[PDB]
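Visitor: What follows is each chain in one-letter form.
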Amino acid sequence: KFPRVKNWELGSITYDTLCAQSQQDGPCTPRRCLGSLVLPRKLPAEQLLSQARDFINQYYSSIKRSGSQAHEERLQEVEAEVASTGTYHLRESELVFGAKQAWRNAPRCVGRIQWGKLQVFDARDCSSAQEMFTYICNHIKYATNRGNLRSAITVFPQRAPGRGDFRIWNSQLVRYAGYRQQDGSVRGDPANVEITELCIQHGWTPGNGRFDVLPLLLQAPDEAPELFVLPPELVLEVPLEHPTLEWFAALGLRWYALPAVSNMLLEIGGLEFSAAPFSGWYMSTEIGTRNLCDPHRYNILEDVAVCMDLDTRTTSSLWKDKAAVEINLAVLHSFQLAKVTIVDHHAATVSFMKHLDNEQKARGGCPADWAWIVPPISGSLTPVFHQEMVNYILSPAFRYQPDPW
Amino acid sequence: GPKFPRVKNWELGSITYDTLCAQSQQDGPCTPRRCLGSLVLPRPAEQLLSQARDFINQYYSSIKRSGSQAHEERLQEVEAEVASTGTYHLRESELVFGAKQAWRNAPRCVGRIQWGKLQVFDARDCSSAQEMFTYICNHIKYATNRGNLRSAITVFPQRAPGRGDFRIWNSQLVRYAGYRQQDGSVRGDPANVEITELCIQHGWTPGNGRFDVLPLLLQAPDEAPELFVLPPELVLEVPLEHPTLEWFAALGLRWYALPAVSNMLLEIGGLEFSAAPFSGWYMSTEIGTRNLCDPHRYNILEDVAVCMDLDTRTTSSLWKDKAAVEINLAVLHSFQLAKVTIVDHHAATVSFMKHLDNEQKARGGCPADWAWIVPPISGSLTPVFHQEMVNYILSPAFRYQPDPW
Ligand code: HEM
Ligand code: HEM
Ligand SMILES: Nc1ccc2ccc(CNCCc3cccc(F)c3)cc2n1
Ligand SMILES: Nc1ccc2ccc(CNCCc3cccc(F)c3)cc2n1
Ligand SMILES: C[C@H](O)[C@H](O)[C@H]1CNc2nc(N)[nH]c(=O)c2N1
Ligand SMILES: C[C@H](O)[C@H](O)[C@H]1CNc2nc(N)[nH]c(=O)c2N1
Ligand SMILES: [Zn+2]
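For the protein sequence lines, the chains are B and A, in the order given.
Under the deposited numbering, residues 69 to 111, 121 to 482 are what the first sequence spells out, in order.
Under the deposited numbering, residues 67 to 109, 121 to 482 are what the second sequence spells out, in order.
Just chain B, same shape as in the assembly:
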């Protein structure tokens, strides 16, 4: 049954027919909804072949040439390759199309209005961790573009049956070290304690600051990962200050410009790309609310509240809310002043509503994960709160994969 999807602010209704194209089960059943789970529980040539055919069909339909010579000859090449070898290879233009489609299909992404504007670097000719690093540096330099951020992805060689994966061990290309104490507390970013510890153990000389940028651990197939320090000139950061509260800069807070996620698997036509780091730009709430105010991240709410002289002794003063707002304001202000691309959660959700509408017209639906699309402050103040959404898995897709250690 095709779901009816209602917007409760406007009264409008659509029907999602794209979901019938899903060949891939999520975590829910009629007995119970597991839509709030962050990760999946779990984490043959005929099956590869049908995923391949389907993807090649998606590709040819996208260039309008769907039935042509070229199309039927490509299907046969894929077929011949699979049958003889158990696997196949994409053409670069197919890869480019598949990478954009993976982004488009990602239900947790509120930035998808931008899905067609993606620079794709083909790095499938990579044979060593040293070469990975070179490609990574060019990606960063390109994507960063002195603050005028440009969306990008770099695709390293696919998984192959007989061998280890290319992997980037770090979860993003820029991460701040998290240093555990003998007394259990963390200095820096508690989300990165484990990667920090792996880095030291592979020979990194640690720092002891709150915002020490980590080296990368890059792994070529079946080899120990190697360590590469990013040149500081490549890592653009933004000092945080507040437009009217002058002590705020005194807090010594900063964040990096480029969100470049480096641990997700890209799946295109049944092929799997274990190292395919991608980047866009930040939505301010990711920094201002989560990364700075999460209790298990930098957890700065209390410090900010005290500096604002708020009554911290009682939840009902809404001290937490008030301090969060000002931190988000600082991030927006500081990024604007530094001429580094960023989008606020109001503008982002308004763009995503436009996206839903474009996708309704173009494909009869849009898979979206409401819990992830609605921002972590001011939820009901954004239009996406009032929008019903259908979550399902289309391919090409970005997926999670096991940590390689």
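Some chain B residues well away from chain A (every beta-carbon gap over 12 Å; in silico):
(1) 123
(2) 127
(3) 154
(4) 236
(5) 259
(6) 284
(7) 302
(8) 304
Keeping only pairs whose Cα atoms sit at most 27 Å apart, straight-line, the calculated DSS-like set for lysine-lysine is:
(9) 194/B with 141/B
(10) 110/B with 74/A
(11) 194/B with 438/B
(12) 438/A with 194/A
(13) 194/A with 416/A
(14) 74/A with 438/A
(15) 431/A with 177/A
(16) 177/B with 218/B
(17) 399/B with 431/A
(18) 110/B with 69/A
(19) 416/B with 218/B
(20) 431/B with 177/B
(21) 438/A with 110/B
(22) 399/B with 416/A
(23) 69/A with 431/A
Think of the hints as simulated: they come from the structure by calculation, not from any bench.
Think of the CB as a built atom: it goes at the ideal place given N, C-alpha and C, for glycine as much as any other residue.
Given chain B, put chain A with the ligands in place with the hints provided.
Guide: Only chain A with the ligands this time, still in chain B's reference frame:
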């Protein structure tokens, strides 16, 4: 490991498995292919007897007498009653147990820590619209208790073979009118436009303010509903003021004290109580964020922001967020000053986390609808954001039911 959903808290790192969901006998709207958890309203002799036997089994476990001789004699009496009459009837203590359990089972209610403290008024002897009114007045008086609110439900007679239902037409016992204007806008609460116009069709003389309390339309079996005006002294209201912004009082905003929901069906052991109004107290975001700030509700955000002198011409000022926070603060401050029970969103979510722990031990789980439990401002600042939840239907249950017209 365990063959049951694994549930993680990402703030604390802790894991539980929900075994309770095994007890669900009713499908929700999700399938492996697509998740529909964000939809608001997704769309009998042996059947009754099986629901009835299960509910009686639940009652007998709750008083620890399962397999007892009184347990088996009650089961026989329910078979016999259904046998000869097509239906059966609950003992008083079974109704009290069922009502509390429907509350405990409600996945969308963040206030469930209070589930065992529910006063159950048995109004199953009611035989007229006028008597419903008296019962409802008494409910309102007991529950309001001059500001020190007490949770309560009043249960009118069950649906019965052939005979018409008891219904309260109004969605809550207190509703402000919504008067559709010539210019297409609404004075009052836009949520209540259809109920307002029903009231006037049924002979109410409408006012023209923004906070006109509506009459009730009450319907006894096989009759036209009858209109009843609540005496104003029974309807406690709280004028909104802000603790430091002295002009806020001048806006003339107010809200009523008692959230008393009146259009839900209470289902117990396959019996159906079509009128069973219940009340608790408010969480402050219901008033300050949704009712006052939804665009399709009082929509006051821009007005408040202009009084605060914010820059409303750009999203990135965070004007909506700053206004909403102040409006929520005024709600909390005003209810406090007036001594009317209210709970803020931090204290409510903290208590709900306690609830989850209590239910993990008492029954192996707790059905919860993450999108509804997480408050509409300051989401990730509350501990429930970071908590995975499993949503499923257990009975006894409160259910939506179609409007009586
Ligand atoms: C151009 C600006 C972009 C913005 C503002 C943006 C925004 C976001 C946000 C806010 C999230 C949620 C992140 C979190 O809470 O952890 C997200 C998730 C994601 N976005 Fe984007 N996006 C952008 C570009 C991209 C690009 C370039 C890709 C891939 C090519 C992408 C793929 C994803 C994926 C796969 C997720 C899910 C991540 C996960 O499950 O952990 N987005 N997006
Ligand atoms: C004691 C104080 C209580 C608090 C603070 C409270 C809080 C809430 C809130 C905030 C919601 C969501 C409402 C909305 O967003 O529309 C809710 C939903 C609900 N609560 Fe409560 N609750 C309380 C008591 C009650 C009681 C006494 C009952 C029944 C006996 C109840 C049953 C429900 C149900 C059925 C819903 C779901 C409503 C729907 O689907 O529209 N709760 N609760
Ligand atoms: N601005 C952007 C754009 C794309 C992004 C893609 C992914 C991410 C990060 N999401 C990680 C979510 C997560 C954190 C920790 C554990 C986990 F399973 C999942 C952030 C993004 N931000
Ligand atoms: N504080 C309380 C306690 C119990 C409540 C029980 C129910 C409600 C109202 N929720 C109605 C949600 C709703 C609005 C509009 C359409 C719809 F289907 C559902 C509010 C409550 N607030
Ligand atoms: C448990 C819950 O699903 C989890 O905390 C999710 C909620 N929504 C989110 N939304 C975004 N955008 N990013 C997140 O990490 C999460 N976390
Ligand atoms: C589309 C979405 O499900 C809808 O707006 C929901 C989201 N969460 C909610 N949560 C609560 N508590 N109350 C609501 O009305 C809603 N609305
Ligand atoms: Zn689901």
